[PDB]
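Up next is chain A:
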Amino acid sequence: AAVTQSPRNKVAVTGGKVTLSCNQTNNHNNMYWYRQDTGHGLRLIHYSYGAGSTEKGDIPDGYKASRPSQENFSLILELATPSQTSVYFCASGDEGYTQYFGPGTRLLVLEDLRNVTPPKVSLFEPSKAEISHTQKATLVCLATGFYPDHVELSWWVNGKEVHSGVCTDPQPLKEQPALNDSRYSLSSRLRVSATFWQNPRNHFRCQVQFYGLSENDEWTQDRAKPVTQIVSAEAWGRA
Partner candidate 1 sequence: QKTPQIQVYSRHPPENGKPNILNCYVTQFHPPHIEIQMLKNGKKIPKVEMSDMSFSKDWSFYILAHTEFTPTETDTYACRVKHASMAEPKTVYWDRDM
Partner candidate 2 sequence: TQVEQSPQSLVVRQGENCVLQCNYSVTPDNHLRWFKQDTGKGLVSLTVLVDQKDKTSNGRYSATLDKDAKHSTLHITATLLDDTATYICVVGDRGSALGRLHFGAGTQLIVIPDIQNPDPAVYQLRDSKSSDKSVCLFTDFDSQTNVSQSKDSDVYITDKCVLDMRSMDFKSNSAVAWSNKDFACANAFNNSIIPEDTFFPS
């Protein structure tokens, strides 16, 4: 019994309209919206007992709910504010006690979009010394120069995602801590067997999904519009 949320990540400006969506195909009458803030449990915003009905929860202010159908519950933020930066969870259920939770949606609401910037992505190839010393090969990926810190980095080998042998910095580091709006940088590692790297038919790709502006946000500067985009780097295995 599965539940989905879109978008999964959103960077937004103050005064903007944000719409958070939830879709559920289980014919559950009941849907619920929560936000999670570190140092609190999940808190109930709005909820719904069926199509056309929405109900206030414990913290409803600033949010409006909409239930057009049995499958869609949607959290509407009419005039967004920084205080609404959070992680939002949608849930559904039938008459019973279990609520089945969605995967979450990260919201960051900024005062200003002037600093938004996509990352550069570099891929660093395994050291010959490492290969000979350990019989293992570590690729390193480097994402730099980005703002804000909303990036999902992921590793692909021959067009399929790999999680084994991967590790990514728990949070990015500031490139310029003496500044308030410093751009960020983030690194990740993928370690494979040397003989896996040595194979020239294995295609390695580090991919960063950056979350920034929408086609609908206005852009007043000269550098390209820092839209939500994918930036990536790649290499082939070599002997």
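How were these picked? Simply put, all candidates are chains of the complex that A comes from, given by their letters.
The working rule: a contact is a pair of C-beta atoms (placed from the backbone, for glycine too) under 8 Å apart; a residue touches a chain by one contact, two chains touch by 3 or more; residues count from 1.
Touch with chain A in this complex holds for only one of 1 or 2, which is 2. Here chain A touches candidate 2 in the complex through residues 29-30, 39-44, 89, 93-97, 99, 101-104, 122-127, 129-130, 133-134, 136, 138-140, 142, 164-170, 173, 175-178, 185, 187, 189-193, 233-235, going by the rule given at the top.
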